[PDB]
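This document starts with one chain, in the form solved without the partner chain, laid out as structure tokens.
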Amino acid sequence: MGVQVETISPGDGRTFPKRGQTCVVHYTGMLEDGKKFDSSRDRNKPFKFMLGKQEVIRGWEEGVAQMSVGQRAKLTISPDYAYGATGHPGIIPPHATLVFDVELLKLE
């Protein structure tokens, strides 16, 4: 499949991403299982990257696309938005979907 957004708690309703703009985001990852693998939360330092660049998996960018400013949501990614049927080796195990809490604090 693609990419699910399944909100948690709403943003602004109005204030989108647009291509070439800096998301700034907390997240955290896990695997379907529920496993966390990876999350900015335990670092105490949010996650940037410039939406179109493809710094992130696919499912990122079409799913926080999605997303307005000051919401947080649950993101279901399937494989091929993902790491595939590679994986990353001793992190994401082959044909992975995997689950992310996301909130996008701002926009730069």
The other form holds:
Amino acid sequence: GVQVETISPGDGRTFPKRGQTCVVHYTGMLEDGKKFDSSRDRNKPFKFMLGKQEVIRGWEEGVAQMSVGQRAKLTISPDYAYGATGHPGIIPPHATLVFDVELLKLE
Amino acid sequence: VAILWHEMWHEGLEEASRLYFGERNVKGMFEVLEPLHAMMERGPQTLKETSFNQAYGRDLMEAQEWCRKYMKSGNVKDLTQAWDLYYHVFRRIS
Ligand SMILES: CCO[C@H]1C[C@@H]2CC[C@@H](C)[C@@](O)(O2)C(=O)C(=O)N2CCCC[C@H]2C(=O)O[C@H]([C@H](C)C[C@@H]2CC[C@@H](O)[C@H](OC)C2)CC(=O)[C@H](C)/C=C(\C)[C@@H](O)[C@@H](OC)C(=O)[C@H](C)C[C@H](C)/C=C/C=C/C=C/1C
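And the form deposited with the partner chain bound, for comparison with the form solved without the partner chain?
What follows is the entire complex, opening with the chain shown before.
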């Protein structure tokens, strides 16, 4: 599935609802720590609407159980991410992904 | 048919990103995008096409260039640079 490990706690009550827009900062890396993408390198947050299949399942289920302010470590199985095909040239086949993602606010 | 450039690029980009990101279809991605870039090439004929062009014209032309570079290089990195610009214009059109 996806494992969620807390780095810094959120307020414990403000969670995202389906259809809400989640504003996050993320740094993504392969399980060996090789970074492939980071919103912090760009200084601008990432937005996506929850429960719309805009993002991979691991993000949908992982971020859903985070509360505002919380910085967590998402360990995502290839099943909840890019699968056997992966993403050609970027993410290899059958890759477990690790995202450092902080839920900044809900809109 | 008659279509606003605002609307044409919105649905066009949604389609292209579905095909590339969702279905791994880069050939199909080129199919939907090329017509929209061709329309821009003949140039604005209304006030609404003129204002759209003034706002988003440079970004779209630059994105087409990164697609063009991908074509020669094989560097998937060049396609992502195109989509960075496409995402940018999309989220302003919305
Ligand atoms: C600069 C290049 O940057 C890319 C993102 C890169 C690509 C490669 C990835 C290593 C990565 O580096 O992200 C990455 O770190 C990462 O894996 N992410 C991005 C951050 C959120 C988690 C995950 C992800 O789900 O990406 C996903 C993943 C790649 C594809 C998803 C996966 C779930 C599927 O359900 C869906 O099927 C279609 C496609 C990409 C996105 O988050 C973007 C925003 C969203 C989409 C493309 C689709 O939802 C699309 O649907 C038609 C839309 O509705 C969008 C809004 C329409 C507009 C026009 C498209 C804009 C394109 C934006 C593209 C970018 C910013």
